[PDB]
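Given next, in C-alpha cells, is a single chain: the form deposited without the ligand.
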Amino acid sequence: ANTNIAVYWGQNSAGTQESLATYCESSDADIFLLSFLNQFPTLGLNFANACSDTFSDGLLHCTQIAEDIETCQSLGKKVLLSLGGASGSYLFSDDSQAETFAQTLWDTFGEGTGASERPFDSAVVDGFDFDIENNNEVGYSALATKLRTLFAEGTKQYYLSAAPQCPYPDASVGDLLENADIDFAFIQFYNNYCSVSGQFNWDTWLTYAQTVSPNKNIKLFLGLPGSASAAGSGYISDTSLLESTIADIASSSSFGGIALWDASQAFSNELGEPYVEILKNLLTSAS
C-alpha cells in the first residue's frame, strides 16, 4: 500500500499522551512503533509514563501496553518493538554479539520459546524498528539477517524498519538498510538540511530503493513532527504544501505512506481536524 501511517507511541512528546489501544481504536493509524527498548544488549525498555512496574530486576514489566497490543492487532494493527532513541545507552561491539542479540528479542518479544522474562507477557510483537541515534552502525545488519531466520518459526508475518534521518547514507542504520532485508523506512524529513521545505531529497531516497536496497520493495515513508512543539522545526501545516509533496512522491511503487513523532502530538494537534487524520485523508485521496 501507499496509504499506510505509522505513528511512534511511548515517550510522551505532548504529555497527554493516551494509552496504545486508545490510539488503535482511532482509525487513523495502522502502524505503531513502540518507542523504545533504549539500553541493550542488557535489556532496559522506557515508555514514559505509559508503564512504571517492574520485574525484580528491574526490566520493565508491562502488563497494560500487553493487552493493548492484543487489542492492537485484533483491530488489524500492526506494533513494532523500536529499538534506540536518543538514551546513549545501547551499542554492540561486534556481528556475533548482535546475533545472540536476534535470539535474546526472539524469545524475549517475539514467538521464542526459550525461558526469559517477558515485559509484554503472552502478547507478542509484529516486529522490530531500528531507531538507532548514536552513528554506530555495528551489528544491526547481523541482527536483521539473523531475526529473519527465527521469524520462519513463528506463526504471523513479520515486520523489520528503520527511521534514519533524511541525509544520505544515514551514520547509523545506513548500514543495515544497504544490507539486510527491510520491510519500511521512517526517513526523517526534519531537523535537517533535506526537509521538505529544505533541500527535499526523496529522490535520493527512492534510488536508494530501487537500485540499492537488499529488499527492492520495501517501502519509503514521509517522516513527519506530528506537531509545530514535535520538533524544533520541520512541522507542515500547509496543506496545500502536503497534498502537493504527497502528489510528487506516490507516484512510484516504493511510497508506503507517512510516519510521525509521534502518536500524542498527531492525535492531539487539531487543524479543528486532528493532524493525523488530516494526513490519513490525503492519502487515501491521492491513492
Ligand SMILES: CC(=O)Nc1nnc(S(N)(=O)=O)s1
The other form holds:
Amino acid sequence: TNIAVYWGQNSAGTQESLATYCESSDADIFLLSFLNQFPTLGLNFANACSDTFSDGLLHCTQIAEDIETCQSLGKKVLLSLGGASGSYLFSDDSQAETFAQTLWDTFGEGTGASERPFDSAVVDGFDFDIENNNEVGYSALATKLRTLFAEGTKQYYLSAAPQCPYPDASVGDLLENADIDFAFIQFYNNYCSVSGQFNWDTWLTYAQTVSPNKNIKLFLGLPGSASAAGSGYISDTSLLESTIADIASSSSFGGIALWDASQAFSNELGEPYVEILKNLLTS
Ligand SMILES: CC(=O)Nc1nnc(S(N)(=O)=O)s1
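Return one more block: the form solved in complex with the ligand, after the form deposited without the ligand shown previously.
Every chain and every other molecule in the complex is listed next, the one we just looked at coming first.
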C-alpha cells in the first residue's frame, strides 16, 4: 500500500519543491496539479513555476529536475489533468484521441517535436481529476494512451480522482470503460466522507465487478489538514486506524491519497499528518 499526494496548488501556502516531498519518505506517488487547460495546453503550479515559452506555456526546469530526482528515489510522478475550476473540455472522442498523442509527445516518451514543459523529464503517467461534470472523451483518451505507452521504456500509470458519490459525474464513464491503475476517491466535501455515510463498500463493488481492470487499486482520498477542504478532515487517529482496518482487508485497497502535500506535510498532530498515515498503513 502507498500514500499518494497531490502537489502543485499550494493549498497550505507553504508549499516546498516537489523534490523536498519526494525526499521525505512519507509519500510514494506524486500527482502534479495541474494541467488545468486543454486541448490548448495550459499548466499551473502556483509559485513553483513561472517561466514560460514565448507562447505562454509554462516551462518548469526545477520541476523537471525534481521529477527525475523523485524517480531516482523510487517514486511515481503523474501529471494530473483538470482540477476544480480551470478550463478544459473535449468536444468528442476523436478530439480526445488526438490529445493522447499530444500528451505522449509533450510529457511522455513520444518523439514528436513539440514544446516540453519538463524538458527531458518524463512523467510516469496521468491522473484524471476531472471536476466539471462533463465526461466526454476521457475513456477514449485513456484507451489511446495505453496503446502509445507500448512505445515507451517503463511502465506507465493512469488514475482517476472521482469524488465519493457513485457514480462520479465527471470520471464515471472513464472508470467504467477504460483500464485504470488507481482511483483516488475524494472522501471529502461530500456526504459519503468517513464520518458521513462512508461508501467504500460501493467502490469495492465497482472494483470487483465493473472496472475493466479487475486489479484496480482504490485509495482513501483525504484532506491533509483542517484547512485543506470544507469538510471531511479526520484528526481522530482511532477512527483512521479502524477505517484502515476495515478497508485494508481486500486486494483492491491501494492506500491513502491526500489533498495536498503542502497541507499533509505541515499539518502536525507533533508529527506530520502524512507520517501518521504512512505509519498506520505499514501496520
Ligand atoms: C483531487 C482534488 O482534491 N482536486 C482538487 N482540485 N482543486 C482543488 S481546490 N478547490 O482545493 O483548489 S482540490
